[PDB]
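Take a look at this single chain in structure tokens; it is the form deposited without the ligand.
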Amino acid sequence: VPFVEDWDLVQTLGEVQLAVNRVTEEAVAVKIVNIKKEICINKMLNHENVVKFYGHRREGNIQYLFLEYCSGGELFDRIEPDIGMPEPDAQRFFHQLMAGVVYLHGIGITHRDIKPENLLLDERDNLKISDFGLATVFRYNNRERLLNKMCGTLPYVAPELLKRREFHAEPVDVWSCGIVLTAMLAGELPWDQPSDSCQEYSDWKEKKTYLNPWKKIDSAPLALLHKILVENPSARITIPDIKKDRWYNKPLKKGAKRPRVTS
């Protein structure tokens, strides 16, 4: 079949460009570029809540990463500033985020930069974890390696990453998911960084929930946030127990609208 390998670059997405197949019209995302690790980790991934990797090509000095096109864009653009989004939408997005993080941790991979800018949505609004540029293997041959590298985005990083030389990988991703949940329900970030010098972080540890952003969040999802945003990473809730939380299993959202007629 001629010209089936030809792709037209039509527009910029983030450099990330939208590529359309000349024959089939299939839309994919092409990342034009550390890189050796990013490609190797992407080759390991296959999950409905993780951005698909189709392959790569090296044209001299420029690397082309052929990745899944998510038409719904970033989760970031679904959060209304100072408001957030309806609680049933946030719960569905957090469910899908947990599925992706369970998968990644299961094959021994930590994302290390979970934030709404890296959580993409497909045509049916399904969440997909993207950007494995900061990702690393924390478990090899069923042996866990403790991390020591400073990775992430300060409002989403766990406090152990700033206070300890070494730390476990999994509680760091759990913490960033908790800040993502906060952003979805309150439309604002609680602190600039989780340090004692940050007044907003100090007030949370002092349980001053009468202040923003916590005053906008209902008691049921707030009780879960009280279990995730725990300073001690050893005392912090694990994903198996997040799945047992009362709000996590609270019926709130209906299914996708489905065409129906009467009489």
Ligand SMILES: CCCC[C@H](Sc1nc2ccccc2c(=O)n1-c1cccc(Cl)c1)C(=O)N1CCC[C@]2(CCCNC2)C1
The other form holds:
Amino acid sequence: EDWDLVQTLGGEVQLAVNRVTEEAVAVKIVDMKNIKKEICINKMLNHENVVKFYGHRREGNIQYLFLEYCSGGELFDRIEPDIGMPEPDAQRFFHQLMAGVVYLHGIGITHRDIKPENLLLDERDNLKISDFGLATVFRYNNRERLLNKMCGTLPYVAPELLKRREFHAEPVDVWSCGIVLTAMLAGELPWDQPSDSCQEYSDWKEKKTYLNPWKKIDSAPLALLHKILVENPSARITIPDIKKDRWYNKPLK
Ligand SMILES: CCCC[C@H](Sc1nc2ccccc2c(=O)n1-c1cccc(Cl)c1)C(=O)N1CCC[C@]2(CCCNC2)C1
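Condition change, the form deposited without the ligand to the form solved in complex with the ligand:
First the chain shown before, then all remaining chains and molecules of the complex.
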């Protein structure tokens, strides 16, 4: 037995390999010099579309998180700039993304930073939601708490987060999944940020779909995107309804 730190995956994250079994695991080194909540949240998780948590180890000042190694890399690296990826592949990743998000929201957890860098792939190209450093509990004892903290990455963040003092957690993760779908299908992010001062975002609200990235997207998935990227979070489509959408259920090969 004994693990070797073979290389840098991305503190930092190193790839550890068992000297006997040759089994691998990602080790996240968190120089505490987030983390507490991240370990806590990780302990509650167990789902095939969420990066597995093996355990942790303080060992002084460097906190060590032991996480599932995803040999396929980041979804981010499967997206060709300006092109996207084949629709069938994007749909399968999107189905898997919704499976992971339904699970998280089911146990009252919001990820808050969904984007392709945080969606990793295993050996069989199964999507795994990664990094719970920004995650939080939005439901406890069956009572929902509204969020107010600015968390996320601008291009993927929901507009309410920039405009409202308080907002529901779930539609924010739905929105970020819609920007991920756009990136998969167009190899392009639609706007720097979702604010009226951003020309691209204003054009979308005025339905100028003849512009990029929308023009590269087929009408069926674009119809789903019209339901997800709705400014008013109360009017935005919910996950159960996304799962009933026409494109979501279209057979593709
Ligand atoms: C068409 C080729 C350009 C594609 C780039 S892709 C991109 N832009 C980013 C811009 C800001 C932050 C992160 C990214 C990023 O991760 N990607 C990125 C790169 C590769 C893969 C992935 Cl998933 C993301 C893009 O969408 N924009 C940069 C150029 C101008 C924008 C303005 C908004 C309207 N679309 C074009 C945004």
